[PDB]
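One chain follows as structure tokens, the form deposited without the named molecule.
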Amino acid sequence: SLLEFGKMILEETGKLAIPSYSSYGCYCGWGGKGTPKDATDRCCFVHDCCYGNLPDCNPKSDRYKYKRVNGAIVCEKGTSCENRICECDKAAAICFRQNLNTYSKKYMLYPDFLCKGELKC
């Protein structure tokens, strides 16, 4: 679920999902169009694609379980949708962590009209 994803994001990065990743660039929080602005935004682009791979799942609301082994996220077995959603979220949280070094506050609340063009998954 979105709330679980947000908790995972905070755990990984020390930033609150809202507002650090809920309106960032062209793809974080509200996706759609444009060339992703930076690596963090590309995390969101891929995450959006990842959810797009699951048209008959409901990642906003469906809850999954995960645990930590060391610092590593391990998705626990639920329904197939839950497993796949968890893997998408895990990847995005790791991706955010991997790209914290280039995160830029100037991309928060990034205006829609600067996000133009389709980019295929």
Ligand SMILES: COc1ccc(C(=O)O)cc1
Second form
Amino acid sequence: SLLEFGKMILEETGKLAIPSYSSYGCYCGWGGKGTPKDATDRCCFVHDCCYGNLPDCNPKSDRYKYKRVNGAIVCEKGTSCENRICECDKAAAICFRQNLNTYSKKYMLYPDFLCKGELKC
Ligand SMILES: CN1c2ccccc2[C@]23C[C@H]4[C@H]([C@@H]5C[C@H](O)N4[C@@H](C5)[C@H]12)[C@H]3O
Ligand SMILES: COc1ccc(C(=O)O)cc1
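If the one shown is the form deposited without the named molecule, what is the structure of the form deposited with the named molecule bound?
Next comes the full complex, this chain leading.
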């Protein structure tokens, strides 16, 4: 769930989940539409897509167990859905870190109205 996703995002990137990634570009937080702004907005595009492969669970709400360990992130014996959600998030959190440089405060709190168009997963 978001409570787990947020801890992850903080743990890996050092930045707090909320202002730092909850409205970034066109796909972080909101989702919806548009051509992703940059590397970090693109992660969100994949993460959405990641949650999309699952219509059988509640990504935003179902709580899962994961632990850290000298660096990497480990998801644990859950309920398929629970496990699947964790790898989705795990990836996404890794992607943010992977691209912590292209992080631009210019896109932090990027509205919506300027986000235009289709994009198939
Ligand atoms: C409308 N809703 C949908 C309705 C029917 C099928 C798929 C979707 C969503 C789910 C998910 C994703 C982006 C980001 C956002 O989290 N959601 C929106 C747009 C779409 C997009 O795939
Ligand atoms: C992919 O990054 C996010 C960040 C915030 C939210 C949200 O606030 O719903 C969803 C996905």
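Rigid core: the largest C-alpha set superposing within 1.5 Å between the two forms. Positions refer to the first chain, counted from 1.
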Original post:
Relative to the superposed core, what is the Cα shift for residue 74 between the two forms, in Å?
Top reply: 1.0
Original post:
Once you lay the two forms on top of each other by their rigid core, how far has the C-alpha of residue 97 moved between the two forms, in Å?
Top reply: 0.3
